[PDB]
Each structure stands twice: as structure tokens, then as C-alpha cells.
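Novice: What follows is the residue order along each chain.
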Amino acid sequence: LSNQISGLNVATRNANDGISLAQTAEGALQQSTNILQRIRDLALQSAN
Amino acid sequence: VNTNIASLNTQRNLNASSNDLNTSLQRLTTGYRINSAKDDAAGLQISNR
Amino acid sequence: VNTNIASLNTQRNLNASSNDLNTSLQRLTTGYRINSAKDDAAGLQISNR
Amino acid sequence: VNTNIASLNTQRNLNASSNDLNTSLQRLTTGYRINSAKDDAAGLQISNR
Amino acid sequence: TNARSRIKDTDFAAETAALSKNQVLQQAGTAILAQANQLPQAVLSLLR
Amino acid sequence: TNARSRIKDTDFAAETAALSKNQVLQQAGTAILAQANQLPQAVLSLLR
Amino acid sequence: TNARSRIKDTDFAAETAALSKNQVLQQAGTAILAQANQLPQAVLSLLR
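Residue numbers (our numbering), protein chains in the order written: chain A, 37 to 84; chain B, 53 to 101; chain C, 53 to 101; chain D, 53 to 101; chain E, -3 to 44; chain F, -3 to 44; chain G, -3 to 44.
The following block holds chain A by itself, in its conformation from the complex:
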């Protein structure tokens, strides 16, 4: 049970690391979405 407890603790830590990684990925994707927003706005403005 102590081996199990240590495994669960290192699992909490690995899960938090993965959460942080996915958070960075989500931030990058958010910035990309704003970039695509600007691109579509520029395209519709390019009707000219």
C-alpha cells in the first residue's frame, strides 16, 4: 500500500505537469485563433 501511495503521488505530479503542458498548448492555440481572426478580418477588408 505504501508503494501504491508513492505511485499515486508521482502520478499526481506527472498529471500536474501534463496539465501545465496542455495549458501552454491551449495558450498557443488561443493566440493562433486570434491570428486567424485578424486574417479573416484582413481578407474581408481586402474586398477593397
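These are calculated hints, taken from the structure and not from any lab test.
For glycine and all other residues, C-beta sits at the position ideal for the given N, C-alpha and C.
Worth double-checking, as some hints may not be accurate.
[What the hints assert, rightly or not] Sample of chain G residues facing chain F (criterion: CB under 10 Å; computed from the structure):
1. 29
2. 31
3. 42
4. 43
[What the hints assert, rightly or not] Examples of chain F residues lying across from chain G (beta carbon under 10 Å, computed):
5. 22
6. 23
7. 25
8. 27
9. 29
10. 30
11. 33
12. 35
13. 37
Since the structure of chain A is already known, use the hints to place chains B, C, D, E, F and G on it.
Specialist: Chains B, C, D, E, F and G alone, transformed into the frame defined by chain A:
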């Protein structure tokens, strides 16, 4: 009861409530109930469109 | 959590809102929706011509 | 039962608990669970990078 | 824009109350933790 | 930075209880030594 | 002047939190010193 204390349920509760506090803090400073982050991906798509 | 606080999303939003505040104040004091600066270079050329 | 006392298990436990106590005091006074010391070499890699 | 507000703009009339509740939870939980950290020292100092 | 916090910032809600527990064990060990070091004295002074 | 501001003017939107962290860490270190300077007294008074 000396090699451990079962009071770490209070720890779990405080970590969870601090998570809710952080998310509500972000919601309040940004003005968006659904954050620009992952929260409510359906509402996120709706807002993006 | 004491060596750092995740509440600096508030600081990020403050910086963003200060930039929007600066550009809006500039727009209001020049009377031009697009500033004489970079903003909307296509509109800038339209205004120039 | 006089030339020595088998109670040195208590001394070993005291020594171990004092070592963990020094590590805990260092963690609280520094704010890092992964101390600047050797602890968690993988965590040390991650933190340094 | 009205739709974007109804789907995005936080009706923080309840979110400020929720935030105060979360802060209350923080202080209550740390009070409970500091109070429970005093049990073993007392029971051992009396039982020894 | 949030990743660095989740990987480095001590969640001292547990390390404080650990400090308290370790102080309990330290005091208990001191008392146990003080109690046990008197066993040979008593047995020799009473048996002789 | 904006250049000199961006290179000189303090972005205290984070330095205020840094100041709070520094004050908290100083108080914590003082409390830790006051707690630790009592260990040898107790161990010697109990073991003797």
C-alpha cells in the same frame, strides 16, 4: 495517531477551493465567465464564431 | 503556494487593457478612428490618397 | 543487560526524523518542495530548463 | 454582440459572491489545518 | 511559470503538518531516551 | 520617451506581488528561525 493525520482531507478541499478561486479570479479580471481557455469548449466555439 | 501566485493573469489583462486604453485615448484626442500610425495600413493609404 | 541498551532503535528513529525535519524546515524557509539541493534530479532538470 | 455577451460576459453579480466564498474556504481550511496540526504534539506530550 | 510552480512551489499545506509531526517524533524520542536510560540504573540499584 | 519608459519604468503590476512574496518569505524565515532556535534547548532539558 502520530505517524500521520487524516486532516489532509482539509488539504484536498483547500487545493480544490483554491483552484476555483483562481478560475473565478481570472473570470473576474477578464470579464468572461467562460475563460478564453479550455472552459466550455462548446461555448468557446460559439463565442469564436 | 507562496513563492509565486498564478494571479498574474490579472497583470496580463491589466497590460492589455492599458494598451487598449492608450490607443483609445489617442483615437479620441486626434479625432481619427484610425490613428496616423500603423493602424489599418490599407485605411492609411486610403486616407493618404 | 547493563553493558549496553537495545534502545538504540529510538536513537536511529530520532536521527532519521531529525534529518527529515531539517529537510522540511529548509523546504518551508525556501518555498521549494524540490529543494535547490540534490532532491528530485528529474524535477531539478525540469525546473532548471 | 448581445449574443457574445450572453455567452461570454460574466454575470459577476454572483461571481463576486462565489469568489468571497472561495476566499472564506481558503481561510477556513488553513485554520482547520493549523488547528489539527496541534493534536499529535498535545496527545504525545500528555501521554508521555 | 505556473508549471514551475506546480513542479517547485511546495504545497506546504502538507509540509506544515509534516513539520508538526516531525517535531512530535523528536519530542517523543527525547522523552523515550529520558525514560529508557533510567532502566539500567533502576535495575542495578534495586537488584544489588 | 516611451522607449525610456519601457526600458526604465517599473512594471509594478508584478513587482507589487513580488514585494508581497518577499515580505511573506521574510516573515516565514523569521518564524522558522524562532522555532528552530528552541530545539537544542528542549532536547538538552529533556535528555539530561
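Novice: With reference to the structure, classify each hint as holding or not holding.
Specialist: Tested hints:
1. 29: violated (14 Å)
2. 31: Holds, because the Cβ-Cβ distance from residue 31(G) to chain F comes to roughly 8 Å (cut-off 10 Å).
3. 42: Since the shortest Cβ distance to chain F is 4 Å, the answer is holds.
4. 43: holds (6 Å)
5. 22: holds (7 Å)
6. 23: holds (7 Å)
7. 25: holds (9 Å)
8. 27: holds (6 Å)
9. 29: Constraint on residue 29(F) satisfied, holds at 6 Å.
10. 30: Residue 30(F) check passes; min Cβ-Cβ to chain G is 6 Å, inside 10 Å.
11. 33: This interface hint holds because 8 Å falls under the 10 Å limit.
12. 35: Where the cut-off is 10 Å and the nearest Cβ of chain G is about 15 Å from residue 35(F), the hint is violated.
13. 37: violated (14 Å)
Violated hints for the displayed structure, listed by number in ascending order: 1, 12 and 13.
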